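Q: So you can see what is in the structure, the chains are spelled out below.
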Amino acid sequence: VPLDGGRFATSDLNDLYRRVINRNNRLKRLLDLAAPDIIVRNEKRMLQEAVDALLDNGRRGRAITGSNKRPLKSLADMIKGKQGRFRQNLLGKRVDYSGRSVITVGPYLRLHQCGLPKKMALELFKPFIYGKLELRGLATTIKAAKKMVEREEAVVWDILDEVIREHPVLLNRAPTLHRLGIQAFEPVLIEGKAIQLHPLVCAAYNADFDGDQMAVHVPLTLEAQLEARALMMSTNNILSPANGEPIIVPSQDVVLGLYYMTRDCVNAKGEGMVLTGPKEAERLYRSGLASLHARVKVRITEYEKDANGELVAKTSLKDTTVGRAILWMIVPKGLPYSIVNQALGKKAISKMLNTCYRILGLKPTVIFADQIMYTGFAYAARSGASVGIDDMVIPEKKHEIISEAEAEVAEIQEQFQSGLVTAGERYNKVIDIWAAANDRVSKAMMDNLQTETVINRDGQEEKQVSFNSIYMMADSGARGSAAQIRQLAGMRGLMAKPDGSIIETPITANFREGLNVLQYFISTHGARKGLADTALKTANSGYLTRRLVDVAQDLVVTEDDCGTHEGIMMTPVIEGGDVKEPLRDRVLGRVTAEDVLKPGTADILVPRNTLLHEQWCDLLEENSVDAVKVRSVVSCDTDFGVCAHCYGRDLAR
Amino acid sequence: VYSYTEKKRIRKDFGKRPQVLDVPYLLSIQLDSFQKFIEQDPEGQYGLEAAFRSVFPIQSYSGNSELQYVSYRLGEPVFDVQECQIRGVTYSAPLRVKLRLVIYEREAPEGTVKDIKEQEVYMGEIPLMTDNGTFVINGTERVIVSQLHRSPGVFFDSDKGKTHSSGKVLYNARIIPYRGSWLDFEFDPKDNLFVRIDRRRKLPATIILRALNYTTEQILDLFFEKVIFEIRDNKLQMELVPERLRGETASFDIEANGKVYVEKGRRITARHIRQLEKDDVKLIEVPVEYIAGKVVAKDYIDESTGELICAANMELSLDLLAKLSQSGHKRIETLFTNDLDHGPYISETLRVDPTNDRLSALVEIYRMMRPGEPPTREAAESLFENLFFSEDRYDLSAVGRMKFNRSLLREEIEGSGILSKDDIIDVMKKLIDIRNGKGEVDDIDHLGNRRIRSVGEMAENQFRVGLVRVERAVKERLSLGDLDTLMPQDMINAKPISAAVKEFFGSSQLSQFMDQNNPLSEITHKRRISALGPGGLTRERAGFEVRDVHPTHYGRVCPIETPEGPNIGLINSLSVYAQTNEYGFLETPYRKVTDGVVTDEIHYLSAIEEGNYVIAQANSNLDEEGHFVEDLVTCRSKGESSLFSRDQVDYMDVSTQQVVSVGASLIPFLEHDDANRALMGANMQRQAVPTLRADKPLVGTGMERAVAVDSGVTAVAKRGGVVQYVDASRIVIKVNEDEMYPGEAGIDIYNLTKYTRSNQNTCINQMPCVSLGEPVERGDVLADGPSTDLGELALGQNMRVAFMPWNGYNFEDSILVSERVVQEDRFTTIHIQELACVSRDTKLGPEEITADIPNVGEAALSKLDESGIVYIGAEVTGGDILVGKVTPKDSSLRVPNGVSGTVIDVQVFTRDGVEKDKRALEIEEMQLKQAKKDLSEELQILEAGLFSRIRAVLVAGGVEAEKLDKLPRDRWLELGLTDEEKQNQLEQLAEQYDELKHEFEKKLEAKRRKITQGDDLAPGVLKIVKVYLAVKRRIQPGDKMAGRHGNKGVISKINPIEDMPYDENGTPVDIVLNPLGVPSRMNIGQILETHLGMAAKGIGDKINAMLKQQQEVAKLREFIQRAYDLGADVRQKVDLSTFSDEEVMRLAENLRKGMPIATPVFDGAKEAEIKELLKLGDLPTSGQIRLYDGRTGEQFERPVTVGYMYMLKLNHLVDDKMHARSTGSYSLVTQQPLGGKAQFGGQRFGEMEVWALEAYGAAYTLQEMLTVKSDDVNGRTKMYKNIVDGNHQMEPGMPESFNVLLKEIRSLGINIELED
DNA sequence: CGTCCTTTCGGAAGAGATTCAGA
DNA sequence: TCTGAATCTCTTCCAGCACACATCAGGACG
RNA sequence: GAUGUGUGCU
Ligand SMILES: [Mg+2]
Ligand SMILES: [Zn+2]
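Chains as they are written, first to last, in the deposited numbering: chain J, 253 to 905; chain I, 2 to 890, 915 to 1341.
Bear in mind the hints are in silico, worked out from the structure with no lab data behind them. Hints should not be assumed to be uniformly reliable.
[Said to hold, decoys possible] Cβ-Cβ distance ranges computed for the label pairs, FRET-style:
hint: 1; chain 1: I; residue 1: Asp491; chain 2: J; residue 2: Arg278; range: 44 to 54 Å
hint: 2; chain 1: I; residue 1: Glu1222; chain 2: J; residue 2: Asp460; range: 27 to 37 Å
hint: 3; chain 1: J; residue 1: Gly752; chain 2: I; residue 2: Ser643; range: 12 to 22 Å
Each residue gets a CB set at the ideal place from its N, CA and C atoms; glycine is no exception.
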């Protein structure tokens, strides 16, 4: 390849191929001249080394270097390795009809919608646009249409809004760790340069919006569009293939909103009134005549499908709030009422979605997830649920607890001076009393936060779980924990050295007071331990997942039943204390191997070849069986495959 | 008392404790090092003198000829810095060394010389360093990052654990020289001591002890202490010293002089030893068969025949005792090898040693070092003598010798740079001492073992490498001497020196392209300690223990400013107060604490001189003379924090900032951030791009006026004076005569750097911050740089944040920016970019730049002038023609796709013999004019001074002032006056005036000649044309914004003004951040900074009210004083009574945007004071107001946190990241789409996305992703045709990159093929 | 220009190759 | 003094993506 | 186009 100038760019193969012909034709000359034996011997050795460097350079003693003192790349070095032909040009590759950009939120989309910049859709779908500027006669040839798009006339829009109508595009995020990292959304053309990305798919993608980028690919052919719609469409993926757990889980603002809404305060704007339905609850909240946390008696009609798939209504008069009745306007028909008649944290609404999915199917759940999203966003914005400094409330007893523990470490120091305790005993006692003090400060601050708000109940006075902001967004599981809320208002704890040994004087402050110059140096030990860790950890999990994909890489379900009477003996796992995993989880969705005998022994409880399901596990629990022979994949008798029965439930469908 | 750019806007300081030591010059590790390398030192250490003196005088093979170094000197550069950046050449200074060649006569080894001769030979052109620690290598600005490596010396490590799989710890003594070979010593699981040279392969250490000319007797003399047995009348009693009996069991009945002391088998208690010392009995009876386990020390020959009875190092038995007794060997010397304390390591090693004498060992070493070669006497002798014993191939430097002599507890630190026998034997002795149980190994990450090797070194090293190449070439060329004609330049070749220096400065691992997109970035690039680089460790093979933050990092290296990902803790950043010892180790300041008083004298303690002392923490309350308020105070004794008594301490940290770097110390309220979020804050704050209109931080740290002054962007006064003329592009200071030199008094001129391009394609642009007729004093800013405000760093803007969820537009980390933030053009940045067009002489004739372009409309050639190049000022867009270039068959230079701009500077270069084009000299005629505009200003001021001297002469001795100014300024000399020395001075003034005109003419001609030179280009090209478009990037949904507390986000919307939340005065919020961002990632600093910003802006709004409805200066003065005093025990203490009733009005006029508040890092404001300051405004002390919804008009049913956060605009712009591609160009060898955004390239459907398509089952999407829109060339155009034919169907083939694989396998000797 | 020429902060398998220590 | 088991060398691999710069046989004799 | 270096981002 000609570099910039008259010169010629170096190619290592040509260097090796010239080094070979030199210690060649020269040797041919020497064998023509019949030169002495030793000089021709050395020339033959140089030919041997030239060939050994040409084929596999470096497998010898010392790799020869052409320039810059860097071993030049032989033939066997463009075939192997991460930069070889196999892993670089022949297992993954650069791709046309594709682009990338920065993702922003777009909380108005629906699960099947992304928002493409109006300038990136006109570049991906360019030939699709030519094939309509040429079919409508708005142009005549490919040059007319090419310029027609180049100058972006006002007609290469909606032509573009039509080549885009029901044509999905794939949206890939950089480390595609699992398969949910490629999902196909329908595009919505937006003004801008950021790829707006529905909030409920961020969990699957593992994508915050702090600056990470996505890659759109365009499925050209027709089977690729029906695959992107019937297999990859972000709607078809509301369960995880790794476990039967949901993956469309509302998080961190949809749940602070649904929590602030569905919660009670023991007094409010209207706390007695008896409403006449959810619509009147909304009409009252919106008018400012009732508080979203009031305690009203609503009259709700809930549907239940106890019939053979038929919904029968029941109208009752429930004790709820105004918010839990405003929210019952989005819950589909079929779900009970005691699904919103609580204070919904993150788990409560993830379980509400997970029960909608199993009672009403997939389409009501895909419609319910967007409703939950919009109505959690609305009522989280409508609440102003901010965070200030007076919200991290330090306990009144933190000074006393810390002074007590300080006096106790001084007492143990006095015990050590007299020699009644050795070094290790002293250290362990000091660690123990400081850990007990940390626990006491944690409990003090948590009691002070949680039960704090005391409010006059229209009688004398009364306690109630608090409306503290940081406590709300910790208790609702929105974003927070107890460890963190404790490093903010309680004490920060016992920090460990880089090797692992605990420092025997704990950080006794928090980020609402200040850390010392030394308390903040002590913290950086374990702050950089757990960053060097996550930087040295990705390059090591990626290699494991690559070796795992390459070991299996071909286990396609090539039969429907292998007819085996083998299997494993699924039993609830127990290590000595609590049951680590019940039988229902370890046996669900799998095909039994032998008929499980009820402890009414000699009567078959379950047949021999039944995929179980939720209810069959319930029935195994009633008769309280504790060992089921189940058909596993490691006992299948098919060849070059696995029968669909020795696998079981799909776990995603 | 305050400076002159201080009673202009004075930042309120909340710091509580005085600063006994002020922040040093920030970037001083670069300038000191280079000023040491380049300097003139007569003592020959260190520097260039050291290099020469270490290589010269160089002599031939005793050929009675010698080339000796006399001196050196550094010529003036042929340019200045700016001309070097403009042309594209290094800013270097030629090196002229005055050499000398002396040749002695035949039979004259000390006699007179035949001929002496000397000259100055040019060797190498060494790059110089700018005033800011940067180098200009090829027109760009580079920084040579300091390096952190292992200081030469001896290091005893252990390799605990992971060898031998038995949990037995080995031990190893590695001797690292500054230049030479390594000499590891290590132990074996069988406790045999093996040497290992250059890491090659073990061989018993006694091989090297023998190579040092030692016999086994002498070795056992060296390493073992002897036990003495004596042949006597009977039973052969043994000489015993009671100490050796410590800790074993009785082998026999221990008695002394017939009385029993210790019984068989009993453990000899220390009581027995001490009582035996009481008896003082040395000769002890011994059973003759007990000696059967001992080893003889010295060889024993017979006395009659002289035959060797038993040589050194062989066990004993009754038969050997008989052979010795019959001969009469009254003395027996055996080795005391405790099994516990004095292990028998050298004995066993001698038993494994195959060699016997010196020559055998030398041959064994030669056979290990140079394998496959038949050894010899001279070959092995010379090799081992050149390994560690020749100053030409080994060097423990001064530092290696110091650490060596220190680790062995020797006394003197000076010494010889090469090893010696005693050095090696003592290394082995200390190793065996460690093995025994006394002594301890040292860590490898302790900052007492790691040096810092900055630019004044490594450049001396590379220059010395070039110098040894030169001296080798000369030594050769000096033996073939054609004497009497060789000047000392026919032999000196400046290709080695220049090549080595250029290869170090231009292309190395520590020579990085400067990071220049705000002052902080470059000023914290220059203070960067890289552990990587040539001679250090590597990202991939670096453990977890190199990354961690050792406890000796306190005060020497930042703990919270280091990149993320691959190299965390390999790229540490120097701390604020940290210096480099004369040896290279990091030392930090510490106030000495006398009897109980915290003195004010500071000592710079390194890392080893700090585990000895107990150092009081940085914030420990003193009382008016330095007595700690309490009796037990926190301190750190030996890398271990703990409490101590008040009297035990003997040092105390200087400042509370000295633990953090200078980037981590710009974070207000750092002590409230979790160190992860503070690390992210430091970095992202380093990435912020300079906005259109700088804006101070309301919540600062006080370290902004240092960072923005010590980084150099700003034009700072050199000598005080009065401003005489201020233009947008030059300042003129008339110097105070108290600071003028005797002769040529004059003024000094500062040419500001107007819109010019930085390395990152941004605008670096100085503008004056002074005004006409206004005093300045030394060292205070005259012009502001990029992203500073009144000489005070300002990376972003202060915008009014509301922490609340807003309809999910700030969902994860996003940010909801108002539309007023983009109406006010406050995050608009400027970005210039040079496009190039080179005219090379191809075949079929060269290529010229004419405008004659075939097959183009006239709209294209409309913007080009007649010469072919674009018009300076033409608003171009994507696709337009910028330069017209013609290919003899058309390769004109065109605007890349989608990049707008306005052409601000066209710039043409030409080699010589190519005449010119009208455009090419009408460019650079402007440089002629603008240099005349300076020279003429100097000439006018100087001739004015001269004619003023003339008139001042003509006012004494017959004054004529009325008719002097009538006649022109020419003949004012010979009016009515005497002929004394005053008239002599008049004649001197006439001749000086003529000399002035002549010298101004000659210097202007010098400028025009340096301007009109020929600037040789790269060979193969005729003329280059660079066109500089200038862009303005406005904030828009997609690009990052950040705070200084690691709270970044991506703008998800620009909301209308009427949709933002507003408060009870209708004032809309500027940005809306999410609350849920704060609790989880515990960066509470952003919330306290929000509240303090609200307090500061409340103060500013009170001043704006008091100053809008004009109020007397008395009320302003009293309110601003109330704001500046504010409560607690602080050290600020401003007094406005000494302000001049006009310098308080300007103060208030600068405080109307908001009083700026400081908060030193771990010494900040407290909520008592923040709330007091909110009350001093009129804002709610809770920091939370009641916001209204902008679009439904009703309350957010909660008070929300509203305040002023200082937001930054990181330069991860979105219109720099958005890319799309349908079809473009494809690669050459593997016909796949090209990569990246410049080449219109496609995204990489990686190897991991294939598994995500295989998982779904999507077998058609995958096939079209790797066949049709990718390698397969024949079925890749059929798809284009099908697509633009109404068909969507692929006729797929075989990827042309599988055929490349088949051909590259079939081009090995491997027949791979396809079957049927 | 044209043109000819020749060092050393890694951890697992596994494959020599030795050693050994044993009948 | 023929042989299974414990040490000794040396091989192979170690997450993905974008963007700046530099260097392209060059050294030297004709 | 290949390689290297460096920075950055996930
Ligand atoms: Mg992210
Ligand atoms: Zn099966």
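Q: Are the hints correct? Go through all of them and say.
A: Structure-based check of each hint:
In this structure the supplied range 44 to 54 Å is violated for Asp491 of chain I paired with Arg278 of chain J, their Cβ-Cβ distance being about 35 Å. A hinted range of 27 to 37 Å for the beta carbons of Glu1222 of chain I and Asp460 of chain J is consistent with their spacing of about 28 Å. Evaluation of the 12 to 22 Å hint for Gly752 of chain J and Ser643 of chain I yields a pass: the beta carbon distance comes to about 19 Å.
The structure is inconsistent with hint 1 alone, although it conforms to all the rest.
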